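For this one, chain B is given, so just place chain A with the ligand on it according to the hints.
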Amino acid sequence: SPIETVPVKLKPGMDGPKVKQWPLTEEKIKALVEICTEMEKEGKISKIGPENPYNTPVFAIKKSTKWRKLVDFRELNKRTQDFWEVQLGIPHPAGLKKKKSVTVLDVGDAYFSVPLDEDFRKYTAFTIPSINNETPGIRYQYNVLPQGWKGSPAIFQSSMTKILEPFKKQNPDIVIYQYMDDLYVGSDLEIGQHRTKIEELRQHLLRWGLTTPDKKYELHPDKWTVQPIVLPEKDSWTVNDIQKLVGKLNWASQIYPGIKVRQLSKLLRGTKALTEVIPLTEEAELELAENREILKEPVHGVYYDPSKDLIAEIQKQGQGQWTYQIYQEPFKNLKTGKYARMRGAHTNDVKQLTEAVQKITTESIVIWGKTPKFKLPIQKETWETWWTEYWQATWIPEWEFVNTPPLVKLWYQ
Amino acid sequence: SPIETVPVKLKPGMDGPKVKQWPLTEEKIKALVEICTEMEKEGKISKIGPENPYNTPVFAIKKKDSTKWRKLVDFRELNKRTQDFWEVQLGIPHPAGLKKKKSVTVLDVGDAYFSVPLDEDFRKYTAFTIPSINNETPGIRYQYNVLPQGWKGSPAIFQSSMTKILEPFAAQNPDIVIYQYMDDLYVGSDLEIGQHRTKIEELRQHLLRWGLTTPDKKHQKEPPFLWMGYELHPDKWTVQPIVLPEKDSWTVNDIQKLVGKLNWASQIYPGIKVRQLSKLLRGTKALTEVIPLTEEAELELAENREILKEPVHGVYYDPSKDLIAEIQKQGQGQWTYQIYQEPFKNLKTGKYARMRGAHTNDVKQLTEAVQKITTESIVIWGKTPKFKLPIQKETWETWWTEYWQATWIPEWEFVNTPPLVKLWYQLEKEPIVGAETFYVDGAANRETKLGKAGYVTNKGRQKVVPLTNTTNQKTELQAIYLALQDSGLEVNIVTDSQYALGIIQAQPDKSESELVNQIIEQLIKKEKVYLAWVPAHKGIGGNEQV
Ligand SMILES: N#Cc1cc2c(Oc3ccc(F)cc3OCCn3ccc(=O)[nH]c3=O)cc(F)cn2c1
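Protein chains in written order, with the deposited numbering: chain B, 3 to 65, 68 to 220, 232 to 428; chain A, 3 to 548.
For the record, the hints were derived by calculation from the structure and aren't laboratory data. There may be inaccurate statements among the hints.
[Stated by the list, open to error] Listed below are the simulated BS3-like cross-link pairs for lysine-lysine, each with C-alpha atoms no more than 25 Å apart in a straight line:
no.	chain 1	residue 1	chain 2	residue 2
1	B	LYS46	B	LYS11
2	B	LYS126	A	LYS13
3	B	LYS32	A	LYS103
4	B	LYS20	A	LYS11
5	B	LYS259	A	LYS431
6	B	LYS259	A	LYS530
7	B	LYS11	A	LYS530
8	B	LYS32	A	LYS22
So that you can see chain B by itself, here it is in the shape it has in the complex:
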């Protein structure tokens, strides 16, 4: 106890989180018991009685070949951080998304030193489940700053600034942003000098008592932009190809209202066979090429509204390819991309969507400083079973599950 605990107070008129515990594998339950038993000896967590009605989910991820414990503090965050982002919030630099290389460093070990406010410890309660409802479960609560809770970096913020101050003086062109458990370090240096300066920061933090398990994940934010909608270009065109072209250009009119399709729809008068090859007129080629360059320029009036939340839609494209869009209001995409994992006998759908969500969330953290809510194309119960299998991040974004994706599949590739 270096200094008296920072008093944590929830927003007035709101009770703590009471979330259910999803059933876990016997393998995962045994891992959590070993971790929590060690955390109990080291004074981090302590068992609680029945007068603690709150609960918070706890899972087991693979960090590596050893088990790592991940807590779903999403509900406690919205019950504390929404009032704590105003009080001890961390500002987000808008220049981090402009560097050439951004490395992520896990600094979640620092919170294990700071004590947690005794009155607030009852809200960090979590339960290790039992198989077949044999025992009522093992209920712990946190005595130190817990990982995954957004209040721990806000409390440790002043401590983090002091440690990073000498490094910032030696490197005034390096951007360092902290999000919960991760230290985003971006620079414009060469790849060799970047990893050298990253190692210097690793050795700098390590010699100040801040251990970071990264003894052998870099990004490049200058390549993250709204991808342009490409129109197919074939040597010849048939009735069916022009139908898919006008239908796609009509859907694009909701985004670019300066698109005309009267000359493309006049090339086919009607009652023609689908496989009938139809050459284009000059005004059809003029209207086509005119609608190509207007589709290769970004939209007008598309800005980020901090008051509104971020929304990310993902859709399956097959052959290990996934496309996504990030917006706040419909058809106002702030950022679009396409995630692609190497196919083979080493991958499946759920693994690809999981890594895609983690890649999108990391991009949204760097660009805007907050995570989006995902509209996932997967069955709810299915995703809630296997999402921890391939999850490597230390945070958990919000998500909901959709069931009716239209013909958009072809329109976004």
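Same frame as chain B, now just chain A with the ligand:
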């Protein structure tokens, strides 16, 4: 006193109950003093003075064999004001997840709640007064020194107390297994029957040292073990005998009880179906309305009676043996499965019916069934089973590659047991060269409910059929069905409806709509079908009428 109390607070910004009671005649007043004095001697309650405390209504009532009275305190207003506690174990353990032990012992603790003390700084809120006949004689005030019967935090505190009491015993006896459930204890071990009886007696004397009584008379229970509607035999488990009543008139209440026993019997009795009887309960508008039966419901109930006629049992879990699950289709959007480790012995069975939506194919329903079994296995056994599925590998590999959603199925081997699961038709990905192109369209007036559906082909063939009592969605599906009727084995269809296309591209196998079913039949009878889409009012090649 040796049992450490649990600190209980009132809800933030609240105060104890100040309700008072003056009814209940003089006959039961002295009948309640007979109980209050013996409870005061045992330290369960203590008289409190005129310190202006709180109060709570307390009632009295007899029962059958009236030699034993009953004191019933109504803590309804108090439970609204006390804090919230960690919820007691909601789900009971399932017998199919239990392991085989040579000996099993059951012990129920008498006066369980009155054996655990109450927090001292909270006992003042549980006060109550026995009314005297108002001859200006005052009322006798009491308050509880233990967990009150019917109080909000009594079950959760007693469970925490019982668990702590078992800790110094389970530490010296790791070979025996003690299950905990409400006021009962289910001890079991592989110890020899001689030393097992001694371990039970040692545990009884241990619990008695903390003030917990245990049946010394005989041994209380024998291997039948009627527990929570189950039969727990030393080498098998089954549900308690199911009784299906027979009536001429059936009400909504009885049909709810009927599907309740049927769903309960579906744990081990394989083949139970409840689709038709639940279709009767689709009408939520009633309490005791006489709902008439259907012909399909009477037949389905007759099939359930034939299954319940022959008793079938289940077995316990052996972790050394693998966990297997096998699924079969019943043909009405219903599915059935069995979880087992041995060929002739089942751990438990179950069924899955898709009552969500109206259009779905068998491959999707098979996936959702595997999901339900996967969750149930992680709950009951903590692992996931190996699946034997009646579906070719090329079948499922083609479906998930085409399906817009993300799916995942664990290690599964193909079992060749009809009816197998297979896509009955696949639409062409590219337009068919040399096939007649149908430009279909359907419209309807929502007020008159009289629409029309037709088509125009590239060969100069046109047709318009009038429709009565339909909607715009029905006409658009009717227009596509009309093209399939009047076309060869290869046909190209072009529609302007995003609705009718999404229903077809889902490739469903069955549906309640006979129109969609006949569309499915046409799509199977064809050889190659390519269905394209164009915007509704762009005048590309579509001809529509208003
Ligand atoms: N009434 C009641 C009652 C008793 C139990 C219960 O007892 C058990 C405790 C520990 C164990 F390792 C196995 C147990 O039961 C397996 C079945 N069994 C029965 C008799 C026999 O001789 N052998 C045998 O295997 C477990 C539970 F979850 C609920 N219970 C309700």
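- request: Quickly compare the C-alpha distance for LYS11 of chain B and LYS530 of chain A to 25 Å and report which way the hint goes.
  value: 66 Å, violated
Do the alpha carbons of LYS20 of chain B and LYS11 of chain A lie within 25 Å of each other, as the hint requires?
18 Å, holds
Hinted pair, alpha-carbon criterion (25 Å max): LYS259 of chain B, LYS530 of chain A. Please report holds or violated.
20 Å, holds
Is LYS32 of chain B within 25 Å of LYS103 of chain A, Cα to Cα?
23 Å, holds
For this session: Below or equal to 25 Å on CA atoms is what counts here, so check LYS126 of chain B against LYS13 of chain A.
Result: Satisfied, since the Cα-Cα distance of roughly 15 Å is no more than 25 Å.
Checking one constraint from the list: CA of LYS259 of chain B to CA of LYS431 of chain A, max 25 Å. Satisfied? Given that 25 Å is the threshold and the Cα spacing comes to 13 Å, the pair holds.
Does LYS32 of chain B pair with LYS22 of chain A here, judged by a C-alpha cut-off of 25 Å? 53 Å, violated
Check your understanding: Under the criterion that the straight-line Cα-Cα distance not exceed 25 Å, is the pair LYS46 of chain B, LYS11 of chain B satisfied?
Key -> 21 Å, holds
The structure shown violates the earlier hints numbered 7, 8.
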